[PDB]
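Next comes just one chain, in structure tokens: the form solved without the named molecule.
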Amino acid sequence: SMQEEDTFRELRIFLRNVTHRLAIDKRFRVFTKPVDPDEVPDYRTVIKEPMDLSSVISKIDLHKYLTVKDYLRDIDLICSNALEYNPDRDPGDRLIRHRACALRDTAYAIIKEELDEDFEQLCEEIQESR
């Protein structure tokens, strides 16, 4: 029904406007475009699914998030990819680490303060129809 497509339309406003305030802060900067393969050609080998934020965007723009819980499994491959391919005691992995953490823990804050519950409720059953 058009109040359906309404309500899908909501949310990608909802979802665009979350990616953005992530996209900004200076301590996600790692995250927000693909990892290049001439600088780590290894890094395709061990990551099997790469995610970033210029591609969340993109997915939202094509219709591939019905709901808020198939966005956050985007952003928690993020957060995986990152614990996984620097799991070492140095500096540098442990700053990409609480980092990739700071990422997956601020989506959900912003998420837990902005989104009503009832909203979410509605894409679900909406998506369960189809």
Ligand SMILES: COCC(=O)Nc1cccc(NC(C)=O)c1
Second form
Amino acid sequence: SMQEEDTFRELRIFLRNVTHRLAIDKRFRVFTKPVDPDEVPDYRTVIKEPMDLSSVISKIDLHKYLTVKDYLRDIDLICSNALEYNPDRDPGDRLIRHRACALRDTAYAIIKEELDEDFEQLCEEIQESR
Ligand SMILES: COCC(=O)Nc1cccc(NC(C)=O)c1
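Mind giving me the form solved in complex with the named molecule, seeing as the form solved without the named molecule was just shown?
Then the entire complex follows, led off by the chain already shown.
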């Protein structure tokens, strides 16, 4: 229905706003663009599904997310990839893991305060019907 298409458009507007607020935070600059395969040739041999905030914007615009649950799977993937690729005790690895956990926690906190639970339940019921 037109009403259902209006629901998914409101979801996309919400998701672009949350993603922009993450992408402008100085702590999360390392997560804003894909890892450059020229500068880090071993990245794609270790990390099987790369993800970053510019790719998340592209996916919103391609209508890849029909629920906030869908979207948070990709935020969780940015975080898990950082913990996997950078597991050591040295300061550079510990700084990127701290920033990855902050990105995940910040996304979940914005959604807790600003996503209506009945809006999410409506998106999940339309997705299930298709
Ligand atoms: C300056 O080197 C270019 C570069 O991007 N290196 C580099 C090294 C290790 C990790 C990461 N990024 C993530 C998201 O894990 C990036």
